[PDB]
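Take this structure, written in structure tokens, and hold onto it; I'll ask about it next.
A single protein chain has been removed from this complex, and every other one stays in its place.
Every chain is named by a letter (A, B, C, D, E, F and G) in the order it is written, and numbering of its residues begins at 1.
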Amino acid sequence: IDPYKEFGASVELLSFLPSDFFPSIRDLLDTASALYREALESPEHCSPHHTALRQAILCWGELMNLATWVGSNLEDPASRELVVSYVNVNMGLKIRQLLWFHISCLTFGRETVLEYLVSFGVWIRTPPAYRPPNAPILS
Amino acid sequence: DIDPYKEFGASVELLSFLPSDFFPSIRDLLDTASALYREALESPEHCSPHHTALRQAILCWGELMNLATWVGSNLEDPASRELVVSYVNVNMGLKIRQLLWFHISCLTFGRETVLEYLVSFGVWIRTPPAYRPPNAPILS
Amino acid sequence: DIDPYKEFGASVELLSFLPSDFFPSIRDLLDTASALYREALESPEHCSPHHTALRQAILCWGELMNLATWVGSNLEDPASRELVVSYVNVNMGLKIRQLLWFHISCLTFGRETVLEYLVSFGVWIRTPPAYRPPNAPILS
Amino acid sequence: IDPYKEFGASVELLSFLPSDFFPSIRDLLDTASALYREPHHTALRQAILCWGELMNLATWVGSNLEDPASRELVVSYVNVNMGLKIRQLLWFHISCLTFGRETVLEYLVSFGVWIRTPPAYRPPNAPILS
Amino acid sequence: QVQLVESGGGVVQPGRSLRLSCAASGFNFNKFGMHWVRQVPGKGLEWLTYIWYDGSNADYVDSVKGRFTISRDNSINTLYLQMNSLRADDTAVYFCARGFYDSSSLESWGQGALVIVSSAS
Amino acid sequence: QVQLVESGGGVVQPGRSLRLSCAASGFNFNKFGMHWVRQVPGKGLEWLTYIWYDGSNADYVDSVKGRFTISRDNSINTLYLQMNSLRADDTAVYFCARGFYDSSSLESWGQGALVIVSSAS
Amino acid sequence: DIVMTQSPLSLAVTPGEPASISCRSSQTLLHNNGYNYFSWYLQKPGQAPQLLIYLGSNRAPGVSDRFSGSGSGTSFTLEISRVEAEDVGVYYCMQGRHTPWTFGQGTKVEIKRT
Partner (left out) sequence: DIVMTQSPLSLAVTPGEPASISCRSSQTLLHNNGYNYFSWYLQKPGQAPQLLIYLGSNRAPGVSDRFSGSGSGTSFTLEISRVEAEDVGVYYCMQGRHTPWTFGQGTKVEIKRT
């Protein structure tokens, strides 16, 4: 039911994160490729987190093919724009969230990322009127 | 080139040895997963990466169903809607279905038992009807 | 079809991660190398792998400027001359520019520092500006 | 400045051999990959990439530059004169891997005596490394 | 550009029933809907009815509800509009069109044909 | 094969100045040079001037040096040759051509146009 | 079901000057897709109708830029920057939110007499 929580973090932690925070889907994919080409496609079974990234890449490959298909058919231009925008923007948001979470977990400490999400959740709550500028950065 | 196999001792080449239509339909696989794994699945557990995989498959299917219902609500044009619903139902399912079958049979009968079944289906597929035995190979 | 950096631990994709325009100029780098180690680049020394790589690399730039000069003398037609000289200079120089910077990094600041800085610069550029630290990562 | 110095070799020494002696690029390439696909080793890595980049320039020239006249000027240059150094370098490096360096240098020096000796006084035998 | 030509228009004696012909070509009839437009002189356009690609569903306006019917034969890609119980208020020129900007507004309009009812000849 | 057509030729009164039209199509004007060829009756061909693709450089022969000018407008791919201080020795038919065998000899030659100067009409 | 409305009924324009026409609808046309289903049609004597604006604010293919429109909800306006001699005709607005489809009342243009 809950994808996160398998590692100690609930969907409500990530829900607090605005959209602007997560980078574009493209920079993340190239990041993962160039940085873990050897580890992702390796025979040894370990480091369980690679499972989420190796599953999400294929899941988004599905959506890309669906977008190509929508493009080829549906002679009406109007429907193509609606469907393409939806698939690219709304469905993608979840992939953005999962990819960022798992990459940050891989490169950085777990307790550290979780501490980052709990602190940010507290920082955003309360108005912008009274809080020191900037947003706590992961360091 | 991330395959969804190769982590359990199989490759997409080995999977592409069985007829596409011969595998079962999703409803049965979902019902059997809900049957007994429901108690364990929700509970936090470690190891058995099939545990994480299954969840990913379920979430993908839920996401696809949500898209289908949204398409049904909007997109007044009738003709295109039926085409999109048929596509999402029929064409895209096969991948998720194969994933579910692989993982359910591993969790229910060990990896080695699955591998033997995979390799054995080669005899069935290659054999022509005259040589082919009447009996088809079934899981045990 | 081989990557020069594979043995040293880097990869072509890693270098492609950083923006192309970031890399320094050519004449400047060359002057920096000459001022740094005239003895090293001239004196014969055993091992010194990155120095052996630098030696081999500089020959590419030398040969390319010799062919630019040759094109300058011959090939009367203005049209082809500009195209050939422009490609000899700007388009192909990116790989050389990358190789010289990568090597010089290892010699002066060490390989561990440059390797860790390569990923960090990409991390800093890819995310939104407002939520990143002010300024850019200093080399060392 | 000169590749050959670090390996106990002189550009003049290497030039003492006549131009026709060095073989062609296509033949030398094949043995390099088949037998040695796996310090000197790097130099080969660089040289193969150099030749590959030149070949890539050749095809780009072929595709554009619609004028038929201008193609030959650059194509012949890159495939004949530019590659003589490559022909020299691949042989010089491969010899180090296949045969011993001590035998190699003795081979190189004797060829100078061989060319100096008048053709009239040239012995009936051809000096081979074996 | 698709070209549509109608036929069957003309004068009809009062009290009878008439059927109009509207054929189309150059595009996928099975993938788009069709509509009927009417114009009596002195007023503007008025929507009458439409049919979906399958043909299972249909709609009608209250003015002619239950007295007109529309059907399509996908084998020959031809439209059909059947008229019964014609009145003096039905004397108008009829147009058949097609809409594809996301199923909202008609795009290509046929040349149309006029239908006249009267007793004199 | 490229086809070039000239225009603007004809009779001109003495003492004035005239401009000739030579347009080309079917090949990349920006990638090749252009040349002007002249033939008074009774003699052979004579080279006059040429311009490079950029147009920054130009050359002229001593016979018409400093009195003729050539320019090109790459927007419309049209050649231009301006004539001033015309003399009786300038009565000839003018040809514009293009050379691409490695920038040496002209390859495709236009049909040409004749220019005549005299007082009678 | 939907009551359509147009105004002004007539508008004579001295060519070369801008003009605006307003069409109003009773019920909102904002669907859940962020789009509004409203139309702009052009009709010429002895000719079939032609399209002016599609999907509320997008120009139909091949239509000259001289015509533009905008608006949302229950209010829309058709604007013509420069009037040409070939622009004379009767204009219509239509609704496609809910079946059955309904048309407007019309707007005819002409030249102001001297």
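Operating definition for what follows: a contact is a pair of C-beta atoms (placed from the backbone, for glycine too) under 8 Å apart; a residue touches a chain by one contact, two chains touch by 3 or more.
Undergrad: Which listed residue (F:25, F:111 or F:118) would be found touching the missing chain in the intact complex?
TA: F:111
Undergrad: Can you work out which residue in D:13, D:58 or D:69 touches the chain that's missing from view?
TA: D:69
Undergrad: Against the chain that's been left off, what residues of chain F make contact? List them.
TA: 35, 44-47, 50, 59-61, 95, 101-107, 109-112
Undergrad: At which residues does chain C meet the chain that is not included here?
TA: 73-74
One rule holds for everything that comes next: only the chains that are shown with their structure count from here on.
Undergrad: Work out the mean Cα position per chain and let me know which chain is farthest from chain G.
TA: Ranked by distance of C-alpha centres from chain G, the top chain is D.
Undergrad: Looking at chain pairs E-G and B-E, which one is connected by more C-beta pairs in contact?
TA: E-G
Undergrad: Chain C to chain E: how many Å between their CA centres?
TA: About 73 Å, centre to centre.
Undergrad: Residues of chain F touching 2+ other chains?
TA: Residues 31, 102-103.
Undergrad: Multi-chain contacts in chain G: which residues touch at least two other chains?
TA: If we look for residues of chain G contacting two or more partner chains, we find 33, 55.
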